[PDB]
Amino acid sequence: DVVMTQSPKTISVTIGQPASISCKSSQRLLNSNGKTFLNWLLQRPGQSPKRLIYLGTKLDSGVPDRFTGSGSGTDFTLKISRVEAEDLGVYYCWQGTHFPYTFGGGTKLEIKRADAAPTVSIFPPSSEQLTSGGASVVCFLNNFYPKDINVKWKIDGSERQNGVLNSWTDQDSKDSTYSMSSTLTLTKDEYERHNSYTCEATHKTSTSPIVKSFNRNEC
Amino acid sequence: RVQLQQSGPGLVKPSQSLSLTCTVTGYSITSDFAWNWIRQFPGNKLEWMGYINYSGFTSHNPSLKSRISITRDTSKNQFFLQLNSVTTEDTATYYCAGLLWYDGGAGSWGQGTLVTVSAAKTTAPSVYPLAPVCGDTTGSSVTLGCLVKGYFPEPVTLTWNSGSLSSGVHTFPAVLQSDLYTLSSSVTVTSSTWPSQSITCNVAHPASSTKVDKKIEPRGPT
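Protein sequence lines, in the order shown, are assigned to chains A and B.
Okay, so the first sequence: first residue is 190 according to the working numbering, each after it adds one.
Okay, so the second sequence: first residue is 818 according to the working numbering, each after it adds one.
Be a bit skeptical, because a hint or two may be false.
[Claimed, not checked] In silico DSS-like pairs for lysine-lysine, Cα to Cα no more than 27 Å straight-line:
| # | chain 1 | residue 1 | chain 2 | residue 2 |
| --- | --- | --- | --- | --- |
| 1 | A | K341 | B | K862 |
| 2 | B | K862 | A | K301 |
| 3 | B | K830 | A | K343 |
| 4 | A | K377 | B | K862 |
| 5 | A | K239 | B | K862 |
| 6 | B | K882 | B | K1028 |
| 7 | B | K1028 | A | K377 |
| 8 | A | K301 | A | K393 |
| 9 | A | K336 | B | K830 |
| 10 | B | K1032 | A | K247 |
| 11 | B | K830 | B | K938 |
| 12 | A | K268 | B | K862 |
| 13 | B | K1032 | B | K966 |
| 14 | A | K198 | B | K862 |
[To be verified] Covered stretches of chain A (chain B as the covering partner; in silico rule of three or more C-beta atoms under 8 Å from a C-beta of chain B):
| # | segment |
| --- | --- |
| 15 | 225 to 235 |
| 16 | 241 to 255 |
| 17 | 288 to 298 |
| 18 | 303 to 311 |
| 19 | 345 to 358 |
[Said to hold, decoys possible] Every beta carbon over 10 Å from chain A, so not counted as near; a handful from chain B, in silico:
| # | residue |
| --- | --- |
| 20 | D849 |
| 21 | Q928 |
| 22 | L982 |
| 23 | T1005 |
Hints in this document: simulated from the structure, not taken from any laboratory.
Note that beta-carbon positions come from the ideal geometry of N, C-alpha and C, so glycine has one too.
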């Protein structure tokens, strides 16, 4: 089978600047009738892949002319003349010349923006959940940049590393930020035994953690 | 123009078969296109599975060796996927996608359907309101949330105020542990608006035919 190798793996580009991505095939993609079945696709967060380029160098149907496909033989390039935030996502190449048809591994375009500290909010377990025997404490770390961030939980001032599950959103094209949710799950009995719950966010934007806490049984 | 839509069971037991349907609108399946099945695994990995074309000719990836059948019903303008002997390694998002036979153009994909191959039981979620602590309600904005816990399989849908509240929302990817998912969503509004304008998280879990509409009540008197 034809291997489709894309580079770079990821790119970070400021809005209004150009982007260029490479796709190199292990076999020539020219066919016996002079067509080259090389397509470029964009997969935006939470969507299916969508057409961009086909026949190696042709704009596919309805695609903005900011996208340009070039190359021939085994070596192809996608250029975006000026990046827009809604351009973020994963770009793939695909070949249709050699059975079985194969896709490249994807290149993720990130939008570079100014640093932004997270907005941090902490939530006690609901009364509803407390009737069931488990207790989840949730902390949201929202709309920050860049994407790396650390969360630390404390119970009664002592770090708790057990029972924490984190989840991260994809980059938002509306503001080019990231968000993260962190959930500390305890038994109801263990929750009802302690008093203070704390989530601390550490982000490159400050050497000082952002701390949010509450006391069980206080509003 | 042409539009494609996948349908079919979202949870399949190991060693059984996955069966999906693609319904095509806006175009006859007996004209111009190759009608493909493509699946996506984690880490941006896409695999071409096969096609049936406008004349009924088929082709499929040798990676699927004898497990796959691609068929059609022209009276229904539908084409189909059957994949037998499934294992957990077949868990993926399945897409149908039409590309023109002549040139690979006009690529049109369905929304995709997740198929989970698992012996685990379908379980309805519990939907918990996340009301802000009093201390975090005295500023210009306030953040509320919803925790959808203990369900299987994916997916759920979650909206706020029936979809009328869409800005300021972050719905996070679910986390799987012990064959149950948990997902959370946050919503941020101008603080003086709450609790005068109520906020409700609407959760649906099609696999268990369950819907929950949870109003977020303030901590403290209600």
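Verification of the hints:
Only pairs whose Cα atoms come within 27 Å are accepted, and A/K341 paired with B/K862 is rejected, the gap being roughly 32 Å. Note on B/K862 and A/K301: the hinted pairing holds, with a Cα-Cα distance of about 25 Å set against a maximum of 27 Å. Between the alpha carbons of B/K830 and A/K343 the distance comes to roughly 41 Å, so the proposed pair goes past 27 Å and is violated. For the hint linking A/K377 to B/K862, the alpha-carbon distance of about 40 Å lies beyond 27 Å, and the restraint is violated.
Using a Cα cut-off of 27 Å, the hinted pair A/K239 and B/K862 holds, with the two alpha carbons roughly 15 Å apart. Between B/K882 and B/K1028 the CA atoms are separated by roughly 40 Å; this puts the pair beyond 27 Å, and the hint is violated. At most 27 Å may separate the alpha-carbon atoms for a hinted pair to count; B/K1028 and A/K377 meet this at roughly 25 Å. Between A/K301 and A/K393 the alpha-carbon distance is near 15 Å, which keeps this suggested pair within the 27 Å criterion.
With a CA separation close to 37 Å, the supplied pair A/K336 and B/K830 exceeds the 27 Å bound. About 51 Å separates the Cα atoms of B/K1032 and A/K247, which puts this hinted pair outside 27 Å; it is violated. In summary, the hint linking B/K830 to B/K938 is supported, as the alpha carbons are separated by about 10 Å, within the 27 Å threshold. For the proposed pair A/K268 and B/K862, the alpha carbon gap of about 22 Å is at most 27 Å, so the pair holds.
With a C-alpha separation of about 16 Å, the suggested pairing of B/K1032 with B/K966 holds against the 27 Å cut-off. Note on A/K198 and B/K862: the hinted pairing holds, with a Cα-Cα distance of about 13 Å set against a maximum of 27 Å. Residue count for the segment 225 to 235 of chain A with a Cβ under 8 Å from a Cβ of chain B: 4. That meets the three needed, and the coverage hint holds. Counting residues of the segment 241 to 255 of chain A whose C-beta sits closer than 8 Å to any C-beta of chain B gives 5, which meets the bar of three, so the coverage hint holds.
Counting residues of the segment 288 to 298 of chain A whose C-beta sits closer than 8 Å to any C-beta of chain B gives 8, which meets the bar of three, so the coverage hint holds. Interface restraint, the segment 303 to 311 of chain A with chain B: holds (3 residues with C-beta to C-beta distance below 8 Å; minimum three). Coverage of the segment 345 to 358 of chain A by chain B holds in this model, with 5 residues showing a Cβ closer than 8 Å to a Cβ of that chain against a need of three. For B/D849, the requirement that its beta carbon stay farther than 10 Å from each beta carbon of chain A is met, with the minimum near 13 Å.
With a least CB separation of 6 Å from chain A, B/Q928 falls inside the 10 Å interface cut-off, contrary to its annotation. Every CB of chain A is more than 10 Å from the CB of B/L982 (nearest about 15 Å), matching its label as outside the interface. The beta carbon of B/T1005 is not kept farther than 10 Å from every beta carbon of chain A, the shortest such distance being approximately 7 Å.
Hint violations for this structure: numbers 1, 3, 4, 6, 9, 10, 21, 23, all remaining hints satisfied.
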